[PDB]
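Q: Residue-level listing of the chains:
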Amino acid sequence: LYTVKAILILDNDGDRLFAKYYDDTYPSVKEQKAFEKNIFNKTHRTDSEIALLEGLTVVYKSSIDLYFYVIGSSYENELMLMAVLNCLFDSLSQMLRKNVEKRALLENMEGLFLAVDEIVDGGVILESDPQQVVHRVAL
Amino acid sequence: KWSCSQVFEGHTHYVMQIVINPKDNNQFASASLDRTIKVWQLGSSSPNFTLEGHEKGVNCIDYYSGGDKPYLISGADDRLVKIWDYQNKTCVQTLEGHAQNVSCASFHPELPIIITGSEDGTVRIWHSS
Amino acid sequence: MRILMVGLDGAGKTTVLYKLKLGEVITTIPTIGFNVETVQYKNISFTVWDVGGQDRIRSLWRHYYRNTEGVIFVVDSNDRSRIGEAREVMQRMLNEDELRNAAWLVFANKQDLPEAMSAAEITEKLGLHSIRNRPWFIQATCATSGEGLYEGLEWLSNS
Amino acid sequence: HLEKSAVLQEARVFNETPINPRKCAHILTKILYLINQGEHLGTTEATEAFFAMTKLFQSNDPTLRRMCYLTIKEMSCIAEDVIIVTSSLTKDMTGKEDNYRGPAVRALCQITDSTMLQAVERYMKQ
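Residue numbers (our numbering), protein chains in the order written: chain A, 1 to 139; chain B, 140 to 268; chain C, 269 to 427; chain D, 428 to 553.
Certain hints may be false.
With a straight-line cut-off of 25 angstroms between C-alpha atoms, the simulated SDA-like cross-links for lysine to any residue are [said to hold, decoys possible]:
#: 1; chain 1: D; residue 1: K500; chain 2: C; residue 2: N303
#: 2; chain 1: D; residue 1: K450; chain 2: C; residue 2: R270
#: 3; chain 1: D; residue 1: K523; chain 2: B; residue 2: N227
#: 4; chain 1: B; residue 1: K195; chain 2: B; residue 2: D216
Which bits of chain A does chain D cover? Going by a derived footprint, with three or more residues having C-beta under 8 angstroms, they are [unchecked claim]:
#: 5; segment: 10-24
#: 6; segment: 27-40
#: 7; segment: 129-139
Source of the hints: derived by calculation from the structure; they are not laboratory data. For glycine and all other residues, C-beta sits at the position ideal for the given N, C-alpha and C.
When you get a sec, could you build the whole thing from the sequences and use the hints?
A: So this is what it looks like as C-alpha cells:
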C-alpha cells in the first residue's frame, strides 16, 4: 500500500508555503525544505504532467505563484499521480473558497492542512475525489 | 400466597412481554408497544432507565444469556428485530427479521443466532455475526 | 461551577454522575479515564469531572485539580479494608495547592448495604474534623436510589 | 509565520476549565502551522499541550474534531500520558458523518497500541 511519496505545494522558489510528508524520509525542516527546493528546481519552468526527479515520477501543475506537487513512484505514470495532484488542486480550491495561490493557502492555513491529510494518508492515497474531501473537512 | 409485593408503573402502553436479566435477577426488562423497553429494578416502581429499542412498539424483550452478556433485543411490527447492547446503550445492528411484522424475536444462548417469528407463519434464523 | 469527583475504584463515582445526569442507574465499567458531564440543579450548571479511581488513573488526577471549585470524594461505606487508603489519598489531596480553596464534599456511599459504615464513623476514619482551612461536609448517599445526591448538590452550591 | 513556544504554551488553559472550541481550534491550527511552515516543538510545552487537548474532545464540533486528529498525531510522540485520548477518539469514531469517522480511526489507531487494540475493534469493523 503506497503510491504517493509526498505532497508539496510550493511557492515559485521551492520554499515551504506547504509540504506534508507522506514519506518518513522528511520530518526535519531542513531536509523537508531541501526536498521542496529540489523538486521545484527540476520541475519548474517546464510545465508538464511528467518530470522525473530522484528516480520517482513527479507530477506537478502550476498556478499564478505556486507549483503543486505529488511525488509518487515511476513504475506508474503521470496520470495515476495526476489524479492525486488534480484532487489536491481542486479540493483546496473548493475548500478555501478561492483558487490555490499563496494568498488562498495563507488565508486559510487550517483548510489547507486538513484537506491534504484527507487526500494522502502515510503515502497511500486515501482520497482522490475533491468533493468528498471538501465535505469531509470543516473550515 | 401471592400477595402483591411491588407494582411497577412506568410503561404507558400494553406490556407485551417480560424477561429477567440473568446478571441481576432483581433487574428485568419489560417490552411495551410504546417503542421502548424499560429496564427496571424490583426496588423501584419506576424504570430506572429507558431504552428506545424500536420504532413501532416493542413486542418482546429478551436478554442474551450469561454472566458477561449485557444485551437486549427488541422486536417490533415494523418487520424488524433490533439488537441492542445495554452496556454501551447503542443499537448494535438491525435484523431484517421477517418480511412482515416481527411478532417476537429472541436470542439463542449457545449458538450465535437470533430466532424470530412473524405473523406471516415464518420463522427465520439469522447468524449473529 | 466546576466540580472534581474522585475516590477509589468502585466507590460509585460514575453511578453517581449518570444518576444525576440521566435519572438512570447505568451498568458501569471501570473508568480508565474520565467522564465529564454537565448537570443542572437549581439554576447552577455543575461541570462534573468523574475521574477513574484505579491506580494508573489515580496517578493522573493532579491534571484535573486546577480550576476546581469543589471536590466530591466518594467512599464505599461497605469497604472497611480500603478506608485507610482512602484517608491517605484524601489527606495529601488536601495538601494540593490547586485544591487549596475548593469546597470539600464527602459522599459516604452504598449506604444501602446492611453493614455500611455510618457517615459519622467515616468522618472519624477520614479525619474530616481536622480540616479548618476550607468548607467541608459529609453526606450519606445511595447513588442507586439517588438518596443524598441532591443534598450534596445543594451543599456544594452554597460554597 | 509563528513562534512554537507561544503557541505550545497558551494551549495549557484547556487543561483547566476553559474548553472554548473557537479559541482552542485556532491554537491547534497554529500547532499544525508550526510544523507545516517548518519548526520543531519544544517537549515540555508539547507534553502539557497534549494533556490539555483531551478536555477539548468533550465538545463535538466538526472543525475542532478535525484539528484534534491532526494535532494529536503530530504531537503524539513528543508528549506524555497520551493514553487518555483513546476514549475520546472512540466516542468521536462511532459518531456518524465522514468528518468524524474517517479522520478519527486514523488518529486513534496511530496512538493505539496492542493493549488498546481490543477497544477500537467494534468501531473498526463498522
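Q: Run every hint past the structure and note whether it holds.
A: Hints versus structure:
1. D/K500 / C/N303: Within the cut-off at roughly 23 angstroms; holds.
2. D/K450 / C/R270: Holds - the C-alpha atoms of C/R270 and D/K450 are around 20 angstroms apart, at most 25 angstroms.
3. D/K523 / B/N227: The hint holds at about 16 angstroms.
4. B/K195 / B/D216: Holds, because 6 angstroms separates the two Cα atoms, which is no more than 25 angstroms.
5. 10-24: Since 4 is at least three, the answer is holds.
6. 27-40: holds (count 4)
7. 129-139: That given contact holds, which follows from 6 residues of the segment 129-139 of chain A lying within Cβ reach (below 8 angstroms) of chain D.
Figure legend: structure checked against the earlier numbered hints; every hint is met.
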